[PDB]
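Can you keep this structure in mind? I'll have questions shortly.
Not every chain of the complex is shown here; the ones you see sit where they belong.
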Amino acid sequence: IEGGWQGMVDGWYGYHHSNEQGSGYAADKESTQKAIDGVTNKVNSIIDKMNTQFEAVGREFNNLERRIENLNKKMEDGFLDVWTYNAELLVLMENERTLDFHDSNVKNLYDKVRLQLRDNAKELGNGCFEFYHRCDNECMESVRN
Amino acid sequence: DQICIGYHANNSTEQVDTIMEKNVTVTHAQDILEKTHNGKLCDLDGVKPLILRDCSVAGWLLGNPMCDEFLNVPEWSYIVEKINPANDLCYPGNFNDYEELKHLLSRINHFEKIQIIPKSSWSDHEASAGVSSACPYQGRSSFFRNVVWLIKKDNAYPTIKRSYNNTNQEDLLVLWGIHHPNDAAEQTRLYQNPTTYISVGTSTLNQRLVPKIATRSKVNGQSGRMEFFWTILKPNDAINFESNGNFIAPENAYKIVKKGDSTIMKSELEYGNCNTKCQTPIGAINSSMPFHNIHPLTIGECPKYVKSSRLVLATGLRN
């Protein structure tokens, strides 16, 4: 596609139809419903996955316990770095998977409509289809349903 | 007649990162890192912390006269001590195994102080002359409240033999000390007997201390030193002191009344008259976020600490 449309604010994915009667946007509720559930499932799983990470504890050492004090400091900083890496890296993995998940849904919706009207339509290229037999509002819905 | 597939968009400028790409603008983005704290020390789930203010744990437990505020404290959620408390050991010296005691204290939520050896119990020794200008109270020489600096009476210091049997159900923190004088003259002036010792026994403890006379630098105007010791006297055990000099006897001891999760927090902040679920030494946190970067040392139901400055999830599509 050239880009996304600001027009529709119903859902995330959807159709736009041109027709002898008129024209307007129409969001796919089936696609948007499964998408909203998918992302909300992930954001919660990232919270649960990290919930058994290291919890640091104040310890006190005297001035002839400098070696162990240092060991303690290096140990706590060590884990805090390790989990900060895991946290940061996990977010980049979740983010990347979110954006690819959206681009996956666009193509899957374009292929779903194309498979539904094989010889009865012509794929232009820019993410649109020209009907061979004319298609009123009821047929548009029938393609959407 | 025609139909087209497309996706949502808007005028948002919020951006996120990816392993592949950086600075990528999207429609919606969920921040998951808490960066803000309230900047004060609060009650933890409705339980007020013990704020020691200018006193140290040692000063509190031994009863430094400047710390009279904490003679009988109520239950606490956590303890707050400054980085370098002014009111510590007023009479110079050291607390033996002090960091270990502080570790026990971080498992404790409430003491009940009781007197185990009354100050009037000492018939053959002077219990009231044991005071120093190093420990002032209301403009006069005083001393630690919870322990007694015994000295000779009528130029005599007869051998002490005292026992206390812990008849309580609680573990009992008992404290005592030894005085290291400056010279042989001071030794005999205070305690008569030139060569002295302190024996202390329990079912587990087998101590024998001897004073260490030496010329030391003046600290709070004193070249003498006092060294303090502690022990946990289990229910039904007894502690037996024997000494012919230099003994800093117990007067009060602490019944361990409640244990639980607590900590000794180092912070320069004062009580804030607030309540929270999550405290750091730098301030409290009220947040639904899974992560935070305020401070690593925390107590309560807190988010997970990280060192990251920024942490933002993608929710919805790119522009």
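For reference, chains read A and B in written order, and residue numbers begin at 1 within each chain.
Note that in this section a residue touches a chain if its C-beta (ideal position, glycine included) is under 8 Å from a C-beta of that chain, and two chains touch if they have at least 3 such contacts.
Asker: Can you tell me how many copies of each labelled chain are present in the full complex, written as a formula?
Answerer: Written as a formula over the shown labels, the complex is A x3, B x3.
The rule is short, and it goes like this: only the chains that are shown with their structure count from here on.
Asker: Which whole number of Å gives the spacing of the CA centres of chain A and chain B?
Answerer: 50
Asker: What residues on chain A touch chain B, complex-wise?
Answerer: 1, 3-6, 8-9, 11-20, 39, 43, 46-47, 50-51, 53, 56-62, 65, 76, 80-81, 83-84, 87-89, 91-96, 98-99, 102, 106, 109-110, 113, 127-131, 134-135, 140, 143
Asker: List the residues on chain B that touch chain A in their complex, please.
Answerer: Those in contact with chain A are residues 1-11, 16-20, 24, 26, 30, 32, 98-99, 102-103, 106, 263-266, 290-291, 296-297, 304-308, 311-319.
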